[PDB]
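This document starts with one chain, in the form deposited in one PDB entry, laid out as structure tokens.
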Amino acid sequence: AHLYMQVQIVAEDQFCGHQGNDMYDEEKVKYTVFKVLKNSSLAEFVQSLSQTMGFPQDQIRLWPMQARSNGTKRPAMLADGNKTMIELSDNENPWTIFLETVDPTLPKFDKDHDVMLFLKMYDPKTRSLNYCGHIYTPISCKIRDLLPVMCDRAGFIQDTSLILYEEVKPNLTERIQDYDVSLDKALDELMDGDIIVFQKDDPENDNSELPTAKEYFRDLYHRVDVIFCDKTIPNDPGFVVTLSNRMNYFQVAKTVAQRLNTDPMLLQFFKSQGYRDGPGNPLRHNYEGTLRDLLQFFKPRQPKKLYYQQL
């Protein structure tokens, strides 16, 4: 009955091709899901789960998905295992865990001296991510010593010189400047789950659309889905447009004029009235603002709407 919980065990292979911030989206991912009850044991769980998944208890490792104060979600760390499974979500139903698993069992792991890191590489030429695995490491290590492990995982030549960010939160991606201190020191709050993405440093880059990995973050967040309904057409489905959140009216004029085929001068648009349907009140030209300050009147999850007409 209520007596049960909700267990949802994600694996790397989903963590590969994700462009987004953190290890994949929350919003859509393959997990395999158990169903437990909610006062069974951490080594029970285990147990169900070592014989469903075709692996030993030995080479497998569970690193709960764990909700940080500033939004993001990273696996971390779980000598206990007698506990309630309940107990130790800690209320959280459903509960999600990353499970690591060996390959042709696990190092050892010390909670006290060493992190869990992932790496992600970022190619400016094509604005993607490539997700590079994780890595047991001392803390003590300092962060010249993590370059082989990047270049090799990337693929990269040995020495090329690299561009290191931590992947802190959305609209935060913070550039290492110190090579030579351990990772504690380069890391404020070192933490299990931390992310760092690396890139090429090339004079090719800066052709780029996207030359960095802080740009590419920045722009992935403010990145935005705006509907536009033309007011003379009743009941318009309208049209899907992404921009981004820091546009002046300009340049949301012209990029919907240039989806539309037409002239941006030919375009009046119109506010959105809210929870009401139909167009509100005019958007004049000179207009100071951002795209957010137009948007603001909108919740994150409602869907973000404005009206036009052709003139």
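Positions refer to the first chain, counted from 1. Compared with the form deposited in another entry:
When the chain shifts between the two forms, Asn245 and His134 travel apart, each with a separate rigid block.
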Given for the second form:
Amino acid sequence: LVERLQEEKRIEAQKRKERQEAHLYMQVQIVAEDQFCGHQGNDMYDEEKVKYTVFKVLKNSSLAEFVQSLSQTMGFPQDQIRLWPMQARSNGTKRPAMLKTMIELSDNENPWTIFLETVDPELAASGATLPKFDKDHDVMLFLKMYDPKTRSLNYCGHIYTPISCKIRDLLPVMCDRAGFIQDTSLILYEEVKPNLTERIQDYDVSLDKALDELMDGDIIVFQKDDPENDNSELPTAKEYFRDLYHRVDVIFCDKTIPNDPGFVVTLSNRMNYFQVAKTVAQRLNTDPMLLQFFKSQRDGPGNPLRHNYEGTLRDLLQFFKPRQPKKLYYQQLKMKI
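Switching conditions: you have the form deposited in one PDB entry, so give me the form deposited in another entry.
Just this one chain is shown here; partners and other molecules are left out.
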């Protein structure tokens, strides 16, 4: 007790000095390209699913300090890395941007997230190096290949190119990264923002003119022109991103089975009662009639939803916060008595 009661005072002493100091510090979240592979969504990665390396850094510390700590921590030379701060934009995108105190560089943002380009350690073992970047005449671009058969996106890395380069001149690389033959016919889009995927028509103009509002971190999506895919449910990247925009995963818990973890169903925000009900039924091998849904409140099932509801799944889900997992309670009614 005697020496035990001193340690309980030492712990409250150290934990209060840290509470006071915590305003002097900021999070820097380092995200690495390997996290972009497999991402099926808009922009480069999912904020929630991605995995960061995390740095606790004095707000008024310098960049050079961070870089040094960074290169030594991560195990790279200082001149074999490039920092591309992630920038939340007004149009609803977050993108690597181009790059005094850390906090002023983050534009007061905290946590600050940064895309750290490095060389692939495998390829660097055989003499690969960080390519240089004329911050004025070059642009960094991201490539995605859409496959209409599987209706999926396939990250195809990034490229450094002179801004003055023709779109046509990039086709060989897209074809190659996608595993296609040179001079395979491609349809190209700028992924602009969610629900905006503009086709690029003139391939014989510079990148400044081809994309609207050209910046580093811009994304071009491409795809074959295979006829077998006219058949497909989402024949183009444009249509794929539209489907995605209106997409939502909802968890359905059976109110009568308490603590039922429930199951996830992928629905559309622009569905109606019938569509919602019918989908969930096909999952349970039952009749839509036999399902009663309850509204969303608190945690717990709310008021019962009436089957003549005229609204949309959006309307039902409009009281959920961005990070909140979307859940609706239901229960099953009897066929006979």
